[PDB]
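A selection of the complex's chains, in situ.
Note that the chains are named A and B in the order they appear, and that numbering of residues resets to 1 at the start of each chain.
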Amino acid sequence: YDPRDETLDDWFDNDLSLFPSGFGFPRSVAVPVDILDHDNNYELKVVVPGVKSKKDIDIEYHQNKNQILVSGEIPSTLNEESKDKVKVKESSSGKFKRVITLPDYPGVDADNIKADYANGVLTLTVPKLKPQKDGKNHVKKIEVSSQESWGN
Amino acid sequence: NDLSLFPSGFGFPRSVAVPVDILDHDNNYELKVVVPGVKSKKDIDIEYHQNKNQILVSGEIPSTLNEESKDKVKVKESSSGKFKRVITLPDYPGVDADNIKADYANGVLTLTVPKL
């Protein structure tokens, strides 16, 4: 993936999931998403960045892009008497956008899309009735023959 | 306007950089740290010093492993590990050291140090 550091640290017992390559997800503010791949359902958990609201986060799907579009506003403060700071490093943006292309393979279903907000994290449980065929190769032709028990 | 304008005339020494916002409202010391997706509020300890009279917070956001409900393809995952918030309060005796309350809600940890 990367030259050294971020290729090897992707396995279990301290952070990450296996991550060879990757395609860009257009967004403001970069925060990971877990994809639980199944053919009976599909998971999208978008870690919302400590937003106290959740009713100002609009979740919608483009059937014109095949992408899940979630937008929201990151908390911000304005200089006031009853606000007085000693330290500040709060975010670096006041608005957050994620544009997510699903690598779920042709057979997408999201028009039945349902959402939940759990633990300060937006979780979208995406119904799937497809694909069971017609992925990369039209009608799956996975290894099922070897002319023996496994071949030797 | 995502942080705010604040000239440096105060500062409390600290290690590890995470999004923070010290807030002083009435007479309390309050801090908003971005810690979302932390399962249980007992994975973050909020310890108030009885030998310094100061707040001290540490936490850890659960770390992603290799999963049997996820097929690994090209999907990134990340979290922040162990971290410590070293906040010093030169607020002096006259502050209640037994009435500190922390409010972890919506992925936002809100602290209150009364000073009733």
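Just so it is clear, a residue touches a chain if its C-beta (ideal position, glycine included) is under 8 Å from a C-beta of that chain, and two chains touch if they have at least 3 such contacts.
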Statement: Expanding from the 2 chains in view to the entire complex of this file gives a copy total of 5
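By our rule, only the chains that are shown with their structure count from here on.
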Message: Roughly how far is subunit A from subunit B, centre to centre by C-alpha average, rounded to an integer in Å?
response: 26
- prompt: Which part of subunit B faces subunit A closely enough to touch in the complex?
  reply: 1-6, 10-12, 14, 17-26, 32-39, 63-67, 69-79, 81, 105-108
